[PDB]
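Just one chain is shown here, as structure tokens, and it is the form deposited without pyridoxal-5'-phosphate (PLP).
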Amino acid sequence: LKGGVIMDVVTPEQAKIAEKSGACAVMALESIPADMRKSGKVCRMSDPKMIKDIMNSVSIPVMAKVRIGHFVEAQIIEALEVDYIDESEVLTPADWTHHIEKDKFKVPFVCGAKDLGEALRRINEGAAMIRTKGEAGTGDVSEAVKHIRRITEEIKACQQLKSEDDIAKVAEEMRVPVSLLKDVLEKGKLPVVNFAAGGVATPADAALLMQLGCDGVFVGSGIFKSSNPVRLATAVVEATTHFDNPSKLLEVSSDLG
């Protein structure tokens, strides 16, 4: 999925628009967890029937969300044969102490992170992909920028440590194996891809996060609330592909409505 865009969709017809626009994958969900999160409601796993109806409408991979720590929601979604599971902070947490033991599943997981310690704990638990936490539903890109900047800074700062005993102290505070931290410092990057997510609203935002070093982008239900969803979706895809070309970015950004 490297270099691609993943789009949130709430109906089979929305999924078809995403596919036609050039999305790499879709995220199936029954409710927008930003509308009812401001209603006070509890947000859970979506009904397996609505997820299956979306799986049957497109040929590209389909992802679905589960609550933090809800390993039974994950068992059910795995049995449904989805392509990826997102253990998501946007839904209402089920366990405020323990995340899912992701290394007991065959299906790959994506998790959010806002700093280096969080990213490594999620990977140690078994995550196959990392993304920014951002701030979902607001359309403010600054959160996602903060998280990618912070991870990059913390890797460079640990690389300046000359004492192996000092490195071991850092790993202990992070609650991860010293061998995982040492691997990051040798490569100068996380062992898995890191995608942008939360508050990506415009084609310019998508290109900004790619220039900052992200491997792809997630976009939310904001796409389908615009005056012309097809045009906006297509523009975000083009901007992610051609992220280093100012003339193309100008072209796709003009007269968006």
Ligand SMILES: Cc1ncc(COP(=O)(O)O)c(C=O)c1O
Second form
There are 6 protein chains.
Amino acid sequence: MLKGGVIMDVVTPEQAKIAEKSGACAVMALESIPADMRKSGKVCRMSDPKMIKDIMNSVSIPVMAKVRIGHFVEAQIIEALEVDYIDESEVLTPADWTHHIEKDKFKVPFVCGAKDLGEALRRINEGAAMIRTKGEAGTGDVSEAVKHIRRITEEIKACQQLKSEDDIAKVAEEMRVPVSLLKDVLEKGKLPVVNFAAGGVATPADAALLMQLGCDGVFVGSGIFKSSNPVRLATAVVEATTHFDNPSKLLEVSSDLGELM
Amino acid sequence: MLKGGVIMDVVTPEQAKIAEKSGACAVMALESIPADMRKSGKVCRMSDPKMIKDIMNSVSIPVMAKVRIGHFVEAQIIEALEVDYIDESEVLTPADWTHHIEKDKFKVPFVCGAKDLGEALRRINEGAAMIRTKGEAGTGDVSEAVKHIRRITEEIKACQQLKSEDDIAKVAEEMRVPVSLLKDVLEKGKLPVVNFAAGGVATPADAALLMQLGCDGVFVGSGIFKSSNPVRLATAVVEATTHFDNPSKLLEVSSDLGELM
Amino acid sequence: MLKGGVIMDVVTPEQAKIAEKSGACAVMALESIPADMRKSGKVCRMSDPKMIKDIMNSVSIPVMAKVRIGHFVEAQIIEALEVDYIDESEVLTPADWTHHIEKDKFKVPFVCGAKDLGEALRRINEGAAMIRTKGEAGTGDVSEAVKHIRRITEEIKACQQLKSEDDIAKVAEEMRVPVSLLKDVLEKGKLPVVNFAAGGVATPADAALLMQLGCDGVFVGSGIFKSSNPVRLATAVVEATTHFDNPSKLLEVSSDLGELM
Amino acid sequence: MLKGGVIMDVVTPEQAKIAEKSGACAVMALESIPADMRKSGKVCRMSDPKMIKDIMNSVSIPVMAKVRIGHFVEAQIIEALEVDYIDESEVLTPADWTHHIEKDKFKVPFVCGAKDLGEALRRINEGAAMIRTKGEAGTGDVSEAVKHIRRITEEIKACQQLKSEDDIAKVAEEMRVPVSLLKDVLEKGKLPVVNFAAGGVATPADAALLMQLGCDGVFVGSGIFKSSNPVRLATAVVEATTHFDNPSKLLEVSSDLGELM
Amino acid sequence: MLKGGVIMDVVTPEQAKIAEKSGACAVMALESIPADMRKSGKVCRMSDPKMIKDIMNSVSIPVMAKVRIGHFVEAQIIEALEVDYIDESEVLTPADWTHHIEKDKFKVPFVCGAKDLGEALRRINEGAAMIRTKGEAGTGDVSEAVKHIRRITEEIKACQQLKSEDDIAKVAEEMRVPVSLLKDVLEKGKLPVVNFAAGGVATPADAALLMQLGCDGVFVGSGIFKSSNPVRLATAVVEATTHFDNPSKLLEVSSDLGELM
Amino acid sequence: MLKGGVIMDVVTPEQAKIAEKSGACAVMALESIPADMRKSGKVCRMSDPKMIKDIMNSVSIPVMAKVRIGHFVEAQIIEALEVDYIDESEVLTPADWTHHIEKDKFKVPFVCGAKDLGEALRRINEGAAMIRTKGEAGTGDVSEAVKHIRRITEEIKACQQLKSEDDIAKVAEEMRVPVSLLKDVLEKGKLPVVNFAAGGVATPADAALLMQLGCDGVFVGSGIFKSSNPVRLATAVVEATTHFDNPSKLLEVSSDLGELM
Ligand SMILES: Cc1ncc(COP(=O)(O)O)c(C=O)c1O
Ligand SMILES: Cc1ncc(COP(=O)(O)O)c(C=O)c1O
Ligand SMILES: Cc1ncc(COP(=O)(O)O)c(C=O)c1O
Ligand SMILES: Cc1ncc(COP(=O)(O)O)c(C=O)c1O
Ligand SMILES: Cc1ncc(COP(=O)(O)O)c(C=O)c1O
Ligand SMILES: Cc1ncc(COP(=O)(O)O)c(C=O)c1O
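Having gone through the form deposited without pyridoxal-5'-phosphate (PLP), I am curious about the other one (the form solved in complex with pyridoxal-5'-phosphate (PLP)); can you provide its structure?
Next comes the full complex, this chain leading.
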């Protein structure tokens, strides 16, 4: 559905239109770039619903919004607003350092970040409909996202090497998830939900790299709109994500991209 | 009496009138924002009784005032002034690092902060009429308040898991409170007094979040009056605290709030 | 004699007159505020005898002067000057880090600071006629003074719990004082000399707080004269010290005090 | 082929022409000096293919381009561009902190850095066609490059001292390479591929020093073009690399070189 | 001879004349205040002999000069200059951190600093004709000098408590001095040479304090000449040193001294 | 040949002429004061051969030049230039942190620094023709040079105390030198080559001090030429080095030297 797509962060209706025209499969509405806020020491929260609504009114692709980790009231509000997806985001200032939102009590689907298999499974267990890497937001450095997708893949493989079901159960207990969840992953060799790349995806090559590592899609941040040519960069990232294993196409969209970050 | 209400910090009579009009159940008189003072290294004490009295004269809702931890003479003075409640506040510069005020020797009711069950019970044992979270004053970050309310709830539940009354008694001894106090809490599953949210409540969503977590009311700080639209923000926070489990109402009051913190 | 009184630091003859008019029981002559000097890294010594004499000539209440810890020659000079009391003061730069002055070889009475029971007893043993808390000079934070008076009281009570006279004697040896001194304190439940509050007394409430904690009088520093209304503040502190147990009187003198510290 | 040659970093077509005229055996195309970028905290990536192509069009010697460690999509793009060599470079911001590129799946040859024998063998095992020291890029300090070439030589000699084939196999396992690779190196006393000097080569003397230590060629950085006389310096470095064992020639090219770094 | 006298640091012939007129028993010639130099990180050495000679030519009291610890050539030079005393001074930058000068190979007498009994005895053993405290030069804080004179006195007394000659010999070995030296001290209850106070003597009271603690004389530094009234201060210090146990005289010279340090 | 002489650092032909006229036995050509460079973080290398040659052409005394530690190519170049001595200098930025130059493969004589006996012997073993202390270059503080000459002397004496030739051999092994080298030193009681003082020699007295400590000559740095009177200072240092045991001569040359460092 969003599979194979690019979700783009947008801070205005006009940015959302550019995203849509470029071929984004969805847009992530936010009033403020948390990266900048974060480096300011400011508290970053759910965006003003009126701003999210102005973005929803400007495009016909799905709209996502972020809430603070554990902030189930921000989520209730965003859900009442009828956004299509809620990102329970570590990029905003966490509201609860112990508990994430009980996502399975909502009707709107959530995406959650994960750095490893344990995290991914706990998030899924809590009700996440979609997982993404945590990467390193606002840095334009793809290596954190790469590290997370590699780690989840590696841990899955390592768990498949355990030949005892008791050992498996002990791993599940350590992860704080139902053994049946872990066992399903080990049989299928993959998470039961889509896993998107997010955080530090700066170039078309970065996007294609994460797709080739096995991501189902990519989130790109506000860097797109700080580049000297946002429409061209946005379009190139979408093309790279679509044609992620076509080197000549990747060469063609990467050429003459102009000034980035 | 204040249950389900919002108490607002005010530094002038005109701010108190705004609080009253907005639907605040009470006002907390202070001559100086301790948050700013604190970051200045200044010593923050009881406010000048004349400034408190000017606030008392300007509204008909109850008025609270702060005194330094352990400062029983500041409390005697505030009590003679006939304020309605005394907040023995960690936000002011502590006067005694060992002993809190013997609040049960006063006729005026006290509110005290607590970070966990032990602290809450010691403060109640000393005579506190009301408990509030300590949160993180002046930061606009709700996570400390959330952490405290969660911790008290968790410790209560954990203590309910003990079956040895000797174990209970050992916990009470470690907490330095009468076992009968601890036992009453374990039976009722809750503190014998109201517990308010305080410190870092910045948005209507924050206020509702703490009510849903089981708080009985909320304190909001001077951030209200630093916002670009104080009356609107104050009103929205009161509405959210009242209708804390009505998402469409929460959506409505959160929309177009203007610039905060 | 000085019991129940306020001693005020003064740096000029005119300040001494204000102190006297306000009802101070004595004045503490000093040419320089050691608090400011201290924060300058400067060495603070006995004041010039000429400045002290100019203060002695301007009032008819007793005059005190400070000497550096261990500086028995400064004390011999101040004694020859005929001041009424000598404060061997940790606020000045210590002259001897090992030995305090042999005060019992002087005719003029000394006051010494103490942070705990051991210190108080050694100072009394050396010949101090009066003890005062060490508080935290120049900070306007009363909590150090409170801590010292609480500590002395607590240690006395703890020693009263011992019932081996051998244990008592072991405590006296650790404190480096004659067992008869310690035993006298344990029987009477108090020091054999007056104990005054000093260091960080900034408000009338602070003064009364220390009296209620059991001090016999208070020293106040140069903060009085940095306030926007010195005469009013000085008078209020004297009144609070006199009527330290009268809340309505305390309320009355604390009101509309103006800008402090 | 490149053996005995100098490869020069160039950031424009005109710099590439100078390199070629000076006698460089190849040029390393990069849009930005990663040294400067690095000290800016910026992320350094593959250069824009258009800038690389403009350099390829300006000279007839081979052109190299860098990709981030582990970034196999950048490499696929550069390969499609038909550069002659790909430098998987630790000077750019690493994309994968765990896995290097699977170089043996490409047709274009790669050069990789190595600090010791283990690193060199793993890079060769992954498919590197050429090894170079990692030196210390942008510092003009030759000692890191010297350290690496010395270390590889020393480790080879130390391994040649082992006479248990089991011990050899244990070393290969620790290095994570096939024992046959390690054994080949121990028999021939050298790596199976050319080893170039790179990082911190600032003077003709530095270039010759590394050749005498056994390197097969040298990479020089953008320092060449920051000197007061680039053509002269570039020519001198090429001459020194060619006549690395001829002291009078080395003297002649080192003389009157002008202002460096 | 110098016993009971004040030696004053002087940096010019005119300062030396003031010292002489004031009643100084000797002058210490130095071209630069090492205190200021020290805080500048500068290396402080023997003063230019021409400057020392200009001072020797301006007064008829003895002149001293400083050399760096261990710098026996500076001493040979000063000796050839015919100064009356050489101060091997820790205030200058040490030339030898292991060995002091072999003073007994010179004809001119040396003064050396000591912080404790061991140091004093080693210096005497090396040939020092006179000992002084090290104090804390340029600080105007007398407490270091007090500490050293107290420590030497205490260690002497403690050694007199040893009733075994073997124990004594073990102490001497630890001190690295001949047992006969230590034994002479223990019998006489004092050092075999005069011990002067030096470092941080700022007031007449300070000078008299050190005399009453048992010093045989005092060194005062350049602080004298930075005071608002050098002649008056110099004269007062000499009088205090002469009449060190006459309190009314000490009172008289300490009065109206003007601005110090 | 240089024994009993002063070698002076010079940065221009005119400075070299001054050195020559002053009686320097040799000059040390360098284009830059490494002391200043060092404090700038800059990399300091062999000087441009053209600047060295211009100095060689301006005087008829021997000329030395520095090369980086381990930089045998810089040495080959300087050797081809026909300088008289090569200083393998820790003052320049080391090129090899593991290996010094194989100096016995050169025809030109080398001087090397040493801090202790082990270092001196390894440098002699490698082929050094002359040893010098390392001192502390550019500081004008003679104590490091003093420390090194003292340490070498002390270690020689300590080794002479060993009676076990096996013990000797064990020391040689720890030092990484042939036992015959160490044994020759122990018999002769001295190094088999001249040992010069270097680093921090600022005054004529310093120079004489090091000669009396047993040095065979002295290196002085660029401090000479920063003094207010270079010719006078240079001449005084040469005279002091020549007449290093004549106090009245030392007095005469030390007088009225003007402003140093
Ligand atoms: C950024 C971030 N990641 C992860 C978590 C929690 O993940 P988990 O509970 O699985 O350890 C939190 C909260 O502590 C968080 O703020
Ligand atoms: C912020 C704060 N919390 C708590 C306390 C004390 O709480 P308790 O006595 O339960 O440890 C203090 C001072 O004593 C305090 O300053
Ligand atoms: C401020 C102060 N209080 C107390 C002491 C001495 O107190 P006592 O010796 O009793 O520990 C000194 C320490 O040297 C001191 O300077
Ligand atoms: C610069 C650099 N060298 C080497 C490595 C990898 O080398 P190896 O895996 O062989 O240790 C990496 C580490 O992640 C690296 O970034
Ligand atoms: C200031 C100072 N005091 C003392 C010494 C040496 O004294 P002793 O050798 O007795 O330890 C030195 C040198 O180390 C010194 O510089
Ligand atoms: C200042 C300095 N001293 C000494 C050395 C090495 O001396 P050794 O090999 O004897 O340890 C080095 C570099 O290797 C150095 O930089």
